[PDB]
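A.B. asks: So the chains spell out like this:
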Amino acid sequence: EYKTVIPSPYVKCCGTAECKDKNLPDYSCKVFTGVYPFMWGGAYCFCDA
Amino acid sequence: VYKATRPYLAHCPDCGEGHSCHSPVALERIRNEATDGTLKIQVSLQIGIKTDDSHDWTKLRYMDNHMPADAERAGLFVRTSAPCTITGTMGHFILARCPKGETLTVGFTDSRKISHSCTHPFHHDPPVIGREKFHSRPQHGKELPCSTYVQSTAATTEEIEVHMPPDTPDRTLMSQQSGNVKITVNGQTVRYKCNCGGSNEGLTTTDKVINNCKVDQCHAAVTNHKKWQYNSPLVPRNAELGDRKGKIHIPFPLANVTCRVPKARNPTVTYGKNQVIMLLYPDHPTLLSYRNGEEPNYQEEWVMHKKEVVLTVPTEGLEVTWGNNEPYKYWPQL
Amino acid sequence: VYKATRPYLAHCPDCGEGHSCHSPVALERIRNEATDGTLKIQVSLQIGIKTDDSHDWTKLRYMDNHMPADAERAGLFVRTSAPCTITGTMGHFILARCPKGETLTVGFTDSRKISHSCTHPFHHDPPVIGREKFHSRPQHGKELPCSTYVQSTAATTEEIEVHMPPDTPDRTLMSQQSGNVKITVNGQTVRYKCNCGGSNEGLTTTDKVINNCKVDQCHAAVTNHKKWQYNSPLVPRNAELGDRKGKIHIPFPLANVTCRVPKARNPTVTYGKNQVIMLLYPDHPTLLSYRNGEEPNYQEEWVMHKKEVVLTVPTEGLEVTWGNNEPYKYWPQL
Amino acid sequence: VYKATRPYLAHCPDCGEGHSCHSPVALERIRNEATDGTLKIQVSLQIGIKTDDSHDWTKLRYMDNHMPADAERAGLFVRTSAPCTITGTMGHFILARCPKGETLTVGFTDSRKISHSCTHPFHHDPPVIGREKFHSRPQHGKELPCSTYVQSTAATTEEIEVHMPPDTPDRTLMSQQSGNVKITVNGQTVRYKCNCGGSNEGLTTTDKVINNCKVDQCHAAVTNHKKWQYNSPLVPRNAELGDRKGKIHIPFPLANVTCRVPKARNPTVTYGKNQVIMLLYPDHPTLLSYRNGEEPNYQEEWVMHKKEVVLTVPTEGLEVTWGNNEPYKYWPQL
Amino acid sequence: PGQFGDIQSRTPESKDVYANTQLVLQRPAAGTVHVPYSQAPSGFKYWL
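Protein chains in written order, with the entry's author numbering: chain A, 50 to 98; chain W, 72 to 363, 365 to 406; chain S, 72 to 363, 365 to 406; chain F, 72 to 363, 365 to 406; chain H, 197 to 244.
FYI, nobody ran anything at the bench for these hints, they're computed from the structure. Please note: incorrect hints may appear among the correct ones.
Claimed, not checked - On the chain S side, residues computed to face chain F include the following (Cβ under 7 Å): (1) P84; (2) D85; (3) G89; (4) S91; (5) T174; (6) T190; (7) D196; (8) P198.
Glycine residues also receive a C-beta, built at the ideal position from the N, C-alpha and C atoms.
Sequences and hints are given; from them, build the entire structure.
C.D. replies: Pasting the structure below:
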């Protein structure tokens, strides 16, 4: 049986993150734009867009 | 190890009545590799540890908004379609024996009551160990190889990834002075970002002021660097540091053990021309399997109640297995 | 409105262990028109109102034999095959999210403890909203039209019929003076009937005496005329007055809202001569639907586990919908 | 009869979490001959009797290691897949109405709390009385013959076998004098065995000494002779006496009674050439049965929801039974 | 993916393993920190 290693996502506030080709089995990387995430005490990022 | 680690708040899709929340009892991962049916559940809180890091089995520590708080272990519950039997608890891990279900819920009680629960969709229907679907575990029976998560507190084999925390958002950290932004740290590490010029970074251990900026243009979140947290996909990564990782041993690892399985009673056997007739009287669901030579033609059926079975015995021979009993062998007379 | 209305005792077929009783928690009607699965339950008692008519969410009022009494809201419970999640309570109405069941039970606790429950046969298995059978409600998902009973206290649209009460039988109202029947009203409206001549009717607001009659030959019951009660088929109509009716607005009306849902993963797609092959890997039950031109030939199946599907793609085209995902369109190459 | 009998400790395969123990609430036999679904459960303890032999319905007596002790009747519980409804308790016997299950658990609470339970594998799914699968028992309905275990305390018909005890191990009976083994009887019958020469048998009513032997090499157990105990296959037979047996009457015997059952609505009937068409609208599961002449060809089906049935009416005639309704008779026109 | 050999390890002690599991990362929910994904179920569990 396989196992899916998912680390903490890199939320780049006020910037654009870059995916690098890693030599790992079933390696998947995706950068999502227009993200505005929230934590318990409000928004995690200073920027709206 | 709990002096460096801490309980945390993470995303949960169902905190009650299908509504999402920043849960102090958030579900991370449910492990079901144990053939005995035992579930290894990972949660955002820490059981058996107090806020002062001391080990106490009657206590539980969870993230209460800004800082961790103590809760009772008796108030901790695990349920699927009905309540589960908790077999062991230590830190982020829970061991439970659950009935058949489609969801998995883990909850607790604070100090001022207020029940916090986290529901995740999880198909639980553990496969049968052996050839008999029984309810309670017996003292005596056939010894069959099975896997379980050991009840032992000790952490020596299995592990999890840990790193410095992210940022609990809190808008109360910022105020208007008088038409500018004032960030009051209160002896904590606060990560701030403002939609204004000059200074808008950090990670600060001291109070900061942003002149000619509005309170709505700014974002504040509890800072850190002094503590460790599980590398959770439900909590964001620390932006300042790179791919900095730590690792800690975890309790209840999976190991090869023995499972005791019950049996049944030998059926009343009657013979015929190249055939065998068995009057099966099962007290519980019992697996009935049979095979022939070159063409075995394997057939199986779970016998629930009183059933008469007519089986053809070929010249090569017929092998019949009735539950946990040793296989019966039949041959025709020349 | 609760100054005019009152909680009451009505017939229940099962008050515990299959035995019928005059229940203070009697079930009137169970409404299940809400597509989201929410049940609107009508009961004989009144939740959120005290005996003095004042509104208090922590309190409950029920008919305690002769007069109404106060009870705790925390002690109120709703269950089918397992306990339900109560989403709202006001007067005779309860909103609940229940698991799959064949019966519906609503109960509470008095003052001197004593649990009162009412069980009615009710088939509860709410239909799936969308094309995915999920457990917990998500924050983000596809917006689909659904109906629910609103959580709001306000009563402006829906209504129930009300009228002056029926009759609570009480033998303590009658006594022998000295070998005749004495009916002592005690500032109430009492309906009496005696198996003797002269006067045996009413409905009286004053004390009445029946000469040369036995106490066993008479029947006494407390009415009312000053209060209103739901037009219940489990309570008799007032014989004196005709078809006199009243009406009151009720909380939690049914309304059109939006239900959030999730989606599945895109299957590994392989093509062939006028056909499409999909390797479906569902994590939970997922609806698979497809249609062709003039003859659409609609077909649907709930996919539970790993299944390979071979679908014929006609010249006109084939539309395939896999769970909550947007429909896939397929056309053959010329 | 309880002055001669006593509660006892016996083997139980599951005392909690699949572990075997010497249980004070051990299950002996579960009787399910009652067609109404009532279970007659036999246990190792005695309900409604105190240690001083006096009858008290609020009390329970169980074997507390060496001597019997008092416990509360309120703490006594019976459960299968969910809790059962206890209908009667007296001595070793419990009457219970249980939901569908695969195991049977009977438990209680001591004095210093400590819950004791005994789980046995038992398939419980009681058959339907009549032709309708209902939940709660009605006041009015069709009178059908059924069997039950009567609620009455009185013991006049049914019986159980009793005899002098077997063996209760007690290490306090032996002491070192000064480096040898001293067995102090204390006016009881004690069975002793020592891993030393000379004398190591009995069954003694007097004090015995074993010279040049260690206390760890010896085994002591209280026999008894003054009390009676149920002839339990979970407790050993008294070795000294032969096949000496006693017998006592037991409460709640099985008897022929009447069970009240319910019914439904006449379907919309349409006729055709040698056939009958019925549009069935059931509110709950309803049994539909039919028969023809010389060849009746009996057929039956449980109707759950809206279903149209097409039945062939032969020249001899057709009899159709829809639930608890009187059978409908159909004949073709000449 | 979803078949016998979706994950292949030369020896049970091997560090680098082969993997072909239909792992596809999805866009996170509005204002939510999580990593949603769609994945072919265990080939070994399927083979069992």
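A.B. asks: Take the hints in turn and mark each one as holding or not.
C.D. replies: Right, here's what the structure says about each hint:
no., hint, in the structure
1, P84, "holds, 5 Å"
2, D85, "holds, 3 Å"
3, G89, "holds, 3 Å"
4, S91, "holds, 5 Å"
5, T174, "holds, 5 Å"
6, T190, "holds, 5 Å"
7, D196, "violated, 11 Å"
8, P198, "violated, 13 Å"
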